[PDB]
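K.L.:
Each chain is listed here by its residues.
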Amino acid sequence: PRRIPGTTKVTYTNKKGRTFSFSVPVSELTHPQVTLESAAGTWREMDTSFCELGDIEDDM
Amino acid sequence: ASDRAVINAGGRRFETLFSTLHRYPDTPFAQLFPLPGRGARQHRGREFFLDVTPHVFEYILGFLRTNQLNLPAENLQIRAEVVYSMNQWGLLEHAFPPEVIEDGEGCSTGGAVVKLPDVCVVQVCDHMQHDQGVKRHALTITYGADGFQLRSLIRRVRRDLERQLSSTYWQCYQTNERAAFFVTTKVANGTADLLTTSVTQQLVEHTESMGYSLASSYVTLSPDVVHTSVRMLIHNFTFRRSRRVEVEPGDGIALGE
Amino acid sequence: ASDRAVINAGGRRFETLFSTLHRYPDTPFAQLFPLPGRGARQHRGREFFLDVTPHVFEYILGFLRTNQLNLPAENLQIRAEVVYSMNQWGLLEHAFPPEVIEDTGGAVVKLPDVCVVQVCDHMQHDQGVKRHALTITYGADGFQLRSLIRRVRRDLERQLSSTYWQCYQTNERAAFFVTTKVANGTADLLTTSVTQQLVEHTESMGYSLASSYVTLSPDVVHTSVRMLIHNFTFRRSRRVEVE
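Residue numbers (the entry's author numbering), protein chains in the order written: chain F3, 49 to 108; chain FQ, 8 to 264; chain FR, 8 to 110, 116 to 255.
Just so you know, not all the hints are guaranteed correct.
Sample of chain FR residues with no beta-carbon within 12 Å of chain FQ, all distances over it, derived [claimed, not checked]:
id: 1; residue: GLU88
id: 2; residue: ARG162
id: 3; residue: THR203
id: 4; residue: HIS234
List of simulated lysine to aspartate or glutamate pairs, DMTMM-like, C-alpha gap at most 25 Å [unchecked claim]:
id: 5; chain 1: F3; residue 1: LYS57; chain 2: FQ; residue 2: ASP110
id: 6; chain 1: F3; residue 1: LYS64; chain 2: FQ; residue 2: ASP33
id: 7; chain 1: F3; residue 1: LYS57; chain 2: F3; residue 2: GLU76
id: 8; chain 1: FQ; residue 1: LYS122; chain 2: FQ; residue 2: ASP138
id: 9; chain 1: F3; residue 1: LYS57; chain 2: FQ; residue 2: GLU109
id: 10; chain 1: FR; residue 1: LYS122; chain 2: FR; residue 2: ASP153
id: 11; chain 1: FQ; residue 1: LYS122; chain 2: FR; residue 2: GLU169
id: 12; chain 1: FR; residue 1: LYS193; chain 2: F3; residue 2: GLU85
id: 13; chain 1: FQ; residue 1: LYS142; chain 2: FQ; residue 2: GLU112
id: 14; chain 1: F3; residue 1: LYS57; chain 2: FQ; residue 2: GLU253
id: 15; chain 1: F3; residue 1: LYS63; chain 2: FQ; residue 2: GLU81
id: 16; chain 1: FQ; residue 1: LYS122; chain 2: FR; residue 2: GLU215
id: 17; chain 1: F3; residue 1: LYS57; chain 2: FQ; residue 2: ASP167
id: 18; chain 1: FQ; residue 1: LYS122; chain 2: FR; residue 2: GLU255
id: 19; chain 1: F3; residue 1: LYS63; chain 2: FQ; residue 2: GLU106
id: 20; chain 1: FQ; residue 1: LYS122; chain 2: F3; residue 2: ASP95
id: 21; chain 1: FQ; residue 1: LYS122; chain 2: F3; residue 2: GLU76
id: 22; chain 1: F3; residue 1: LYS63; chain 2: FQ; residue 2: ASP58
id: 23; chain 1: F3; residue 1: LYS64; chain 2: FQ; residue 2: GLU253
It should be emphasised that the hints constitute simulated quantities derived from the structure, not laboratory data.
Even for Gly, the Cβ is constructed at its ideal location relative to N, Cα and C.
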């Protein structure tokens, strides 16, 4: 298990031109966003080619 | 001595050396008043006056002898004053310096990136039915936003309930990014008090470890709308995110334009 | 040497510049401090006496030096003294300016320092299905209900489709959110997310949550309308300007 660092640094430039770091509390996701109806295409599918059914067009 | 300077900010006297304020000489802070030139005119010390609060200058001058800046979390007013004073003086870029490293980025061990909000409402609702006169619990934990680690929260709930829950079978798993679930078969009265306490204990321990603090809570108990005998005990907690020790994007309004 | 002025308020000595108290000349706070007149009589510095609290005067003088304000929420007696002292000295209208809305142009509104939000959820049941009629109602005018529904809808496109819920605006201070044909588990996702979007939208206006207290219909017989009345109390402690 890899622990989330929690804080992240982003670069912000002022009106004069001085750059510094905004520290943002940021956590990562854990569960996939499957509730969307759109399908990305990248998910691990289940193999079902070994199963024997009544398909006479296929082989045993 | 000639190295010491008597600086009076807001009516309070401070004494410090010349190398303390000139630790960053290129900044507009130490450039706009001549520390070494006034030491040749006045033999004892240089007398300068500032228009800042003395409690705010303690954080800025205390930073210059330490190279460490810690913004106040409990006092939101002084936190707004340190950010504005170090922005107009050009001194905040050396306290929190920018640094980006492409070679240390590791996306293979990380999921998608979301931002934690400043407030967090958590709803803990279990539905208590009567299975042959004995209570059964179907418990649901719901968060208000994404990012909160539910998989690590569930195993903390799961480890505590292996010693305290006496039933036939029970599960605990994650159903959504913001939702978790728990079912039990015919729990007793005294074991249900161990169930409601241990789940609400490990939940608020998980949110304090995330960097939040409890603002308010709420408990209610009411029957279901459709079914009469189905009870609904809802523990609703509200968590306020603690202020970070460094600067935040929420302090951007206090930066000054 | 001559530009600094000594302020003694409540047994505590304060020293600050001349132009900071005269940053706003039209305010009555600058009129009661004759800074060029007191510097002419006493050539060293001006000596003024006030009966205000020293902790309260640090917020008022801190606003004149740094153009920011954060009112303390942990102490209501200190915070109510700061707002009252800035009202009798005429400093609140420059700290909390009136807002400008473009609907026709008419821009005059004063946001309340204490506002209440009443969130009433109507749970009904007819022919095996159940529905929710959530009614969000703000206290006074000046708030932006157009942007809250934008935050409510955008946080709900990922969770559910537009068929099972509808959210629109009925009044300038009242918002409506209906919910039909949802499961038991996903109903807690909607009520917690709207409550999540309700608080941080008020935080984007410059307020702070004081307390929350909810009631619910404790009847065991069948009722045609069950009511979940969530009440919020917000206190204005800052100002938020986007860009």
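K.L.:
Hints numbered earlier in the text: which of these fail when held up against the supplied structure?
P.N.:
Violated hints (numbers, rising): 3, 4, 8, 13, 15, 17, 20; every other hint is consistent with the structure.
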